[PDB]
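Of the protein chains in this complex, one is absent; all others appear in place.
When the chains are written out, they are named A and B in that same order, and each has its own residue count from 1.
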Amino acid sequence: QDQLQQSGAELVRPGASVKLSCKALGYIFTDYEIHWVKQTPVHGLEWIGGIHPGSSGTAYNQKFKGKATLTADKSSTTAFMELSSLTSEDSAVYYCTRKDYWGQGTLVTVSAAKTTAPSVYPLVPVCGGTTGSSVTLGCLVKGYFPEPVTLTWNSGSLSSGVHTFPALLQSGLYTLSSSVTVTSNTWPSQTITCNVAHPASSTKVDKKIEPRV
Amino acid sequence: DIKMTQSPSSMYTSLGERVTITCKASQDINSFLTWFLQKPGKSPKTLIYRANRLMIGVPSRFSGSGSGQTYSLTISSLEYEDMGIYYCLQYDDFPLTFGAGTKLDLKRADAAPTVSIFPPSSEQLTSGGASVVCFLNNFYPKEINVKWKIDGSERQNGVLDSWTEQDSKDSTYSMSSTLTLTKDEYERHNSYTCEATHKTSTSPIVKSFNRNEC
Partner (left out) sequence: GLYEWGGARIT
């Protein structure tokens, strides 16, 4: 008896459909119910419905009955869940569970965006400003799509005082921000450079963080 | 539907301590309750089923609920591995409904934030968009009021706030606060301020910069 395998991430347009797969392994497919659950920051966990691969019976949640279609294929021991008329509120993590064991999740992002590269903007400490016993640099990657975007500080070798925040959404695009706290007796000599790579646009910008009056 | 009520919503515990989360169902769910753990970045793991049966594998530090309509998962002694959000689920009837979760974080001595303010870059201004970023680093606890005040007056629109999940090295957290304005809208004002009310400092922690030169 063993586990459940979900299909990889989906990046679909509004108006469109998707079909998620839940391959089951190591047990008798047609004997155990498979249910579909939805995760989001606003509402958290939500149950879409269930299927019985053996009897073909289905139970839907009234919230997703007009949008969800549960199917199963005995031959390949895969549960299908089809999500149609995609809207921005369908962006989420979808799990397939057998109640005791779970699949790993399938991230679905509904978006009208286009491949857009970031603007990496060096974040200079107020230059005509105050001091202390430590200096914090910064970096801004505003307006990309899609995620991800890995940023490093002095190519991953200067990373003891690093901070990288989760990428927020604004205007349809992503913005992430990073902060390094370095010794006040270090910055202008030993240079600190923000390294930013956006695979999807195939761009790798390096912005010099430089002071300015 | 069965409103499922799980309390607390979040909690601050230390290794060694005894944890109790409660689940309250709007009806008698006939002990048809399941407990499970979401570790950040991971798919739920079942711990306890039908109110009190431990899933195979689960350590015996974990133990479960009551009956009738209120249930609890008790953790005898808290271990690091146990940090995640906890969730309860009733399966007595359809639809299936979840409690709103309980987040567990490691607790510490208070620490206040290092705040840093950055006026827009020249570069971005040369594209005519203006970003006033603010970093509030390494504080604890997690509660922090970030208020933006332009030339004295507080503005709450066009402000993104990203959070760091409690670091696992120092058990502190920290946000990034960002005001966005256009080039025309930024050069109408002068003083820009980053305001923080945090426990452990009775009076707001303020950094700031003047567009003339502070």
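The definition used in the following text is that a residue touches a chain if its C-beta (ideal position, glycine included) is under 8 Å from a C-beta of that chain, and two chains touch if they have at least 3 such contacts.
In the complete complex, the hidden chain is touched by one of B:18, B:50, B:188 or B:199, namely B:50.
When the omitted chain is restored, the residue from A:57, A:188 or A:199 that touches it is A:57.
Per the touch definition above, the residue from A:82, A:100 or A:206 contacting the chain not shown is A:100. Subunit B meets the missing chain through residues 30-32, 49-50, 53, 91-94, 96. By the touch rule set out above, subunit A reaches the unshown chain at residues 31-33, 50-52, 55, 57-59, 98-100.
Assume only the chains that are shown with their structure count from here on.
Centroid to centroid, with C-alpha atoms defining each point, subunit A and subunit B lie 18 Å apart. Of all the residues in subunit A, the ones that touch subunit B in their complex are 35, 37, 44-47, 50, 59, 61-62, 95, 97, 99-105, 119, 121-126, 128-130, 134, 136, 138, 140, 142, 163, 165-168, 170, 175-177, 179, 181, 212-213. Subunit B makes touch with subunit A in their complex at residues 34, 42-46, 49, 55, 87, 89, 91, 94-98, 100-101, 114, 116-124, 127, 129, 131, 133, 135, 137, 160, 162-164, 174-176, 178, 180, 209, 213-214.
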